[PDB]
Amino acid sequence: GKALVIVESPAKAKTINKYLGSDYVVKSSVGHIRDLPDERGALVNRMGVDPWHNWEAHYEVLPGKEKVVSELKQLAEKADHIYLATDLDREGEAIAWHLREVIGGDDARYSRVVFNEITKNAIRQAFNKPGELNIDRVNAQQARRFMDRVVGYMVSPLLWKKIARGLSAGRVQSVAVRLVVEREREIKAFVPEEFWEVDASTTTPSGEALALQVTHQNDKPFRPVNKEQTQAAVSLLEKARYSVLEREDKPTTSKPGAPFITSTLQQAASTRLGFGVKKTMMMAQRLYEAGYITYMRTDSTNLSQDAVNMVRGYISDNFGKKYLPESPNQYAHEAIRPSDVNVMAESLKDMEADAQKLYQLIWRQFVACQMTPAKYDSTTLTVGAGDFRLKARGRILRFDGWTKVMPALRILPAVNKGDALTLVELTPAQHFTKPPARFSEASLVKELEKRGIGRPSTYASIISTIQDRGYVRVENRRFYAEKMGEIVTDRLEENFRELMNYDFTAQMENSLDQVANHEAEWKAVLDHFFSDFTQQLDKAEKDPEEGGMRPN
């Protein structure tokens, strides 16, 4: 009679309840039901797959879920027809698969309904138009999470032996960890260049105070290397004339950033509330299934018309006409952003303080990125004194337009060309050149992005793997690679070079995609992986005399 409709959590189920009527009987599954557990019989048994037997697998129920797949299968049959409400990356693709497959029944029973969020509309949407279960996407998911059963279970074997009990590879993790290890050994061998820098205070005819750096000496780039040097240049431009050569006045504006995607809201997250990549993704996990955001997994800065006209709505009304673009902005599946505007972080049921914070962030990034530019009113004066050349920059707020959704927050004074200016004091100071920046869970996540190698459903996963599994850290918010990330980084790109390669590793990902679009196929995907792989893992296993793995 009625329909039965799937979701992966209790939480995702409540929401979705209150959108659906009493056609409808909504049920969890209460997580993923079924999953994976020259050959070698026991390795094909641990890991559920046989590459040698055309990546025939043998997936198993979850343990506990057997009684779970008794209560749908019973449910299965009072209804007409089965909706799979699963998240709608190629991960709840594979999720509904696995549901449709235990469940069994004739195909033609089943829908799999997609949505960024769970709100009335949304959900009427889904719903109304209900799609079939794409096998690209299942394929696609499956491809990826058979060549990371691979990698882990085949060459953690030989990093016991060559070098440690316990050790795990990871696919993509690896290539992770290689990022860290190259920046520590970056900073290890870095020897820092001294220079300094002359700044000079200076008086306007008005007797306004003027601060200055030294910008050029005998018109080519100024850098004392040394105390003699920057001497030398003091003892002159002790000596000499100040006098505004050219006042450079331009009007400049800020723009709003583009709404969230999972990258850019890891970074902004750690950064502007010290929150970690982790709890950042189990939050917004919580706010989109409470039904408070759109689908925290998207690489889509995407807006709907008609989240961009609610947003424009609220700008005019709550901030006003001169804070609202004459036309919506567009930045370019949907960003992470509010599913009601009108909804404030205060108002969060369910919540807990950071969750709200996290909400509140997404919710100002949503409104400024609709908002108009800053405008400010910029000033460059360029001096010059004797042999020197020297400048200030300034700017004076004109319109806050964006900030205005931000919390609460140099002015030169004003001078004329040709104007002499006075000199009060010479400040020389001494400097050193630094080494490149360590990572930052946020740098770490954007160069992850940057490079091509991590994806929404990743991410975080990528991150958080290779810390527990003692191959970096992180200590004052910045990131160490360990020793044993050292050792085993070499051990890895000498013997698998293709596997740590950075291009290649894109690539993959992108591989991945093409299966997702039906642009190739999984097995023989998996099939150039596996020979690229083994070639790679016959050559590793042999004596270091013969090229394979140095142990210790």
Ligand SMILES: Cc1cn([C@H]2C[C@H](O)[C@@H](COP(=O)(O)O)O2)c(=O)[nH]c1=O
Contents of the next structure:
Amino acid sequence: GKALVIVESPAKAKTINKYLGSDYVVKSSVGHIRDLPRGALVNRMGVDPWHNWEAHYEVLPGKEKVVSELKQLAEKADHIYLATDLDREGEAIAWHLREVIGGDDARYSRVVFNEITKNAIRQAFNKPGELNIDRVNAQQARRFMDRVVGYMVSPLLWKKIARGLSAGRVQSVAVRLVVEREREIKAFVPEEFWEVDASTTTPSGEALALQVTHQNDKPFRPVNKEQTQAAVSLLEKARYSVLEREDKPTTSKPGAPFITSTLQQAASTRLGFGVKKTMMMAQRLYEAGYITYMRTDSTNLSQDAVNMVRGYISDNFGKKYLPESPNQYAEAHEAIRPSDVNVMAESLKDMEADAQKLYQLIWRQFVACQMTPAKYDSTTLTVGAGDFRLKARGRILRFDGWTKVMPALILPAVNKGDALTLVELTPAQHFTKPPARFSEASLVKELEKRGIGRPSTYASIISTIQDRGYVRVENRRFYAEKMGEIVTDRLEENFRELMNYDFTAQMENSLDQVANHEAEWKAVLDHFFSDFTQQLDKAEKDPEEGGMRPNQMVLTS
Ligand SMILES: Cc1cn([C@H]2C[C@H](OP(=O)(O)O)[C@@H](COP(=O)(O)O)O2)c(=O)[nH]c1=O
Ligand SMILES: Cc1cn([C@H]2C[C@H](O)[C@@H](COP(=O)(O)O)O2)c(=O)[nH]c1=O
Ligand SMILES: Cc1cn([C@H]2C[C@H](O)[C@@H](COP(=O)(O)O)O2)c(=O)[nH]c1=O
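What I would like now is the form solved in complex with the ligand, since the data block earlier showed the form solved without the ligand; can you produce it?
Time for the whole complex; same chain goes first.
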């Protein structure tokens, strides 16, 4: 008569089983159990846009075994707990388990937790919740419209452009961003601008480096060899002196604990990890109960989490690193942080080196976020030389603050009015450089920025656009393929709304309204499908009627 606890993976089962008494029987479904696959089109999609979005879910291959294994486990249990992940997909999976197993809805509870620890599991089963149909509807809505775009747009692409090509509701918009970035880079015309550095000696022979900033009180920006040399000869004869000294106490505050998007960026910048790699390892860490749920865009930290880390900072770093009050970064979810701050990367049980480095990265950002600011004494020397003004910036670390948890890593003395002796002038030619190429994690950042992605879809978006001749990662950077641009233009021309960034961001909002009972999923899908078929209908017409242009290059005749 024990309770049945269902999770989606063996790894998560093992971890949660350590925190559930013998009264519970943990069992992983190891997969989605059930899911989707002119009536022909409807059957292929498994969803019917014409019959009020009636769906057709069938158990995945070899899962009928898992199904028949769960039912009998349920008949021996007084209650079934669906402990799927906390996001919508997880809710949907919980729904699929409750549907497939059957029985009284009262026999089912929906436990929510953002980390698999003793206390988090206790709090989750002490106040078990109900399955939220709206989050399930929100998830299915997303899924249904992705199926519609993919299965209804792709065919048009095969007929008009080339067979084998794919279309993705959000994938096509992600690609568009890369394609626009590609075109920016292709059209960019580098511009030449000069800079002039001056080496000088303070009264007491100390070396001081300055860069000219003003000439005639106007920004010094020579654009060629002659203008620079002309400025150089004026500068070689000028008398140098410190027009003014400015000593200001500055500080650098630690960043907020990680959320999905920032974790990916930092893992990509500091560890060279790609999005797929970071998310796969994040999941590994989360499922082993080492970090909080890795799909979040909430920077909140629970009081226990904050008090725990503050205890760590206090014992391991000291009073000077402990802020008076806990840092508050601005839902109900939490940031990606380690579950136990006292567990070090080196102490993780079965995690490969890279998974340890990701944890370490998460741990440090977490601890640092709750530490005091670093203090520096910033100095700004402004030097006058004839009609020129030169600058020298520098700072010395007074207190490392939060930087103490990061790996271990000089303007001379001079008073206002002191004369500087010129030693050498160094003119340097530079050129404005084209916009940086998106990186996997950098594209996500842009996606988030535009409210296009979502914690649990960012990674899927990145991968899903990568193996379809549209865009490719070369040296950890995105490059737009010819087909990518060809398709992106076709879609921009005949599926404007679908390709529009705001509308795409708005759809994410529309999905949030469904998840929050502020909109009905079918009506939302109806509206999406309405705008969609209208776009699609004109796209299918001959180009002479405003239809999509075939990817052809007609000869002279
Ligand atoms: C997570 C992490 C941060 N940091 C420091 C480097 C950055 O400071 P500087 O910009 O002053 O170099 C800052 C970046 O934080 P984020 O990774 O959150 O962006 O935190 C490390 O040195 N190593 C790490 O592994
Ligand atoms: C799994 C999944 C989750 N989510 C999200 C967004 C929110 O963080 C959370 C849903 O929670 P909410 O119902 O309380 O809004 O999960 C998506 O937007 N798409 C998905 O596919
Ligand atoms: C080209 C290159 C990028 N990167 C990174 C850092 C960032 O995570 C990402 C690109 O982001 P950025 O445009 O903000 O620099 O890829 C490396 O770590 N090494 C490299 O050699």
